[PDB]
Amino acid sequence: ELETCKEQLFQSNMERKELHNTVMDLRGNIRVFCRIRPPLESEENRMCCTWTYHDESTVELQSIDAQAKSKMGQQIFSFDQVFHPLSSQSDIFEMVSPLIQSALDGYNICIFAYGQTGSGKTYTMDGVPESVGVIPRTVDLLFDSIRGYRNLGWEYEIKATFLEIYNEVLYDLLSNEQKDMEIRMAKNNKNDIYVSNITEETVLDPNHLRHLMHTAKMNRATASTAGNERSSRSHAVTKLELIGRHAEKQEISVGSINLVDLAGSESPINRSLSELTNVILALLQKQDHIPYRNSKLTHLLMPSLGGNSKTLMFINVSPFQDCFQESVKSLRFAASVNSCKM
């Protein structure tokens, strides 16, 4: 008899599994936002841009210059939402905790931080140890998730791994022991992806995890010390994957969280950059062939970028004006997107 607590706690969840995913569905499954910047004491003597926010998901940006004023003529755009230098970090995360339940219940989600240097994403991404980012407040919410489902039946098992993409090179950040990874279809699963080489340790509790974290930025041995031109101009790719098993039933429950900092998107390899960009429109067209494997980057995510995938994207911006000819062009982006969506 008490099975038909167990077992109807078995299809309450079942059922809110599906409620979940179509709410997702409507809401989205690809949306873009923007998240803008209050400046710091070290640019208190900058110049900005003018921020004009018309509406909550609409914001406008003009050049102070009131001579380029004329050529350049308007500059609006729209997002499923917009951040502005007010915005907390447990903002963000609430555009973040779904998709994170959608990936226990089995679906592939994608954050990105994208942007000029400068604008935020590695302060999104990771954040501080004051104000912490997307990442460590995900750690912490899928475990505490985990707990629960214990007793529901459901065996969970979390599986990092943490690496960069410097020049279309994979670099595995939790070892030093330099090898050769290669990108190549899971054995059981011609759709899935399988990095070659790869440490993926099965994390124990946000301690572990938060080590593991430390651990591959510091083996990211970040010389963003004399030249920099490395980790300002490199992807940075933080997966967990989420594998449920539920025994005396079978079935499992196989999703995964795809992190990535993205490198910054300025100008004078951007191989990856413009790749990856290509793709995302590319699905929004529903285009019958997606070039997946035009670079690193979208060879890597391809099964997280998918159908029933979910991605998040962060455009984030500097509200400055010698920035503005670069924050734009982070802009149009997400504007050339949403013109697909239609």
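Numbering follows the first chain given and starts at 1. Between two forms, the rigid core is defined as the largest C-alpha subset superposing within 1.5 Å. First, how it differs from the form deposited in another entry.
Aligning the rigid core between these two forms and inspecting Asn207, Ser97, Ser131, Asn189, the C-alpha positions shift by 2 Å or more at one residue, which is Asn189. With the core held fixed between these two forms, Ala221 has its Cα displaced by at least 2 Å.
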Contents of the next structure:
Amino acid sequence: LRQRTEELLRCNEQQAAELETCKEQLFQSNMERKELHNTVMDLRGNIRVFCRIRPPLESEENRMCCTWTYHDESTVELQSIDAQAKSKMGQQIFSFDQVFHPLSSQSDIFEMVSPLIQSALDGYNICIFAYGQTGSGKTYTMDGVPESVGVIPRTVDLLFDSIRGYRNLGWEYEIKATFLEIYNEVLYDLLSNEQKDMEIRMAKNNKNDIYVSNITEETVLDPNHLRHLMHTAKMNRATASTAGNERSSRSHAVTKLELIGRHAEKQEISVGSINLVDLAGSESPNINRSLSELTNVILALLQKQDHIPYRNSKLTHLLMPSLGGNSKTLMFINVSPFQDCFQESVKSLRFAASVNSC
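Next up, the form deposited in another entry, please; the one we just looked at was the form deposited in one PDB entry.
Partners and other molecules omitted; one chain follows.
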């Protein structure tokens, strides 16, 4: 039992010596996987713009829509039904990275976002924006409805799903969540009922970063806890669905999910983040500096401008660290199919016309 059981001895020596191999092999693999995913993201865009035309609700059966033409997968055209105007404006055709048909599904739209969730997990900053005139589809796209949840809820589910997988690869993740609203260039903490003076200040240990004073920050326990935090904030956003839409339809909602990945037994951390934004309505009548300046910032980033004026508004200043270089931005342009919206519609599609144009 000495010169007989030595077989069940160095066996561990050979075993453990083979485990460490695989381990370092797997870690280097992930490394290469991560880098390839980013090359794909970089190749696909980094700042992409999608178009989404929503279908008419049941209660709008009698609301006239203009004529829509879907050219392939990324070009859409619309023509006023006003024969007078139509023959005085000429073709209204626009292209985007992708055009989502009114019959497209919520799942259809997440297929475009999910790859970016992985990026956040790899340490990249992501920004998802929903743009458009009040009633175009912004909130339905980000939040969705019970029988058809949108981006945010799908992000939570996928996020905790990937964090699980990461467990068997070393790496443990913590999610820090904040929820805020910007209305008239003033910030509001959607997780508190006691408002304080919230300001966007220069991070203490990084002149290039930022932090918001007096915002509630919760480190998420699990999916349900985040679902609750989200429902709480949605309920506190109390966007005037009753009276005075001048504050609901005129304010931005920003949800930030800071993702911190830690890997003990190999040191090194990984800090990423997901910024989901339900923007203020873009229709025409400060109250909309942030949205105006956000438009400038995005277009500027697209024109590879040497100097971007982020501090120009509350919203751009808040997302500055997530609009950087390696940062990835996804901008959904929500649009209504109604003729009485035509004017506001080309205005929205024209933004995307300033995008691909550069």
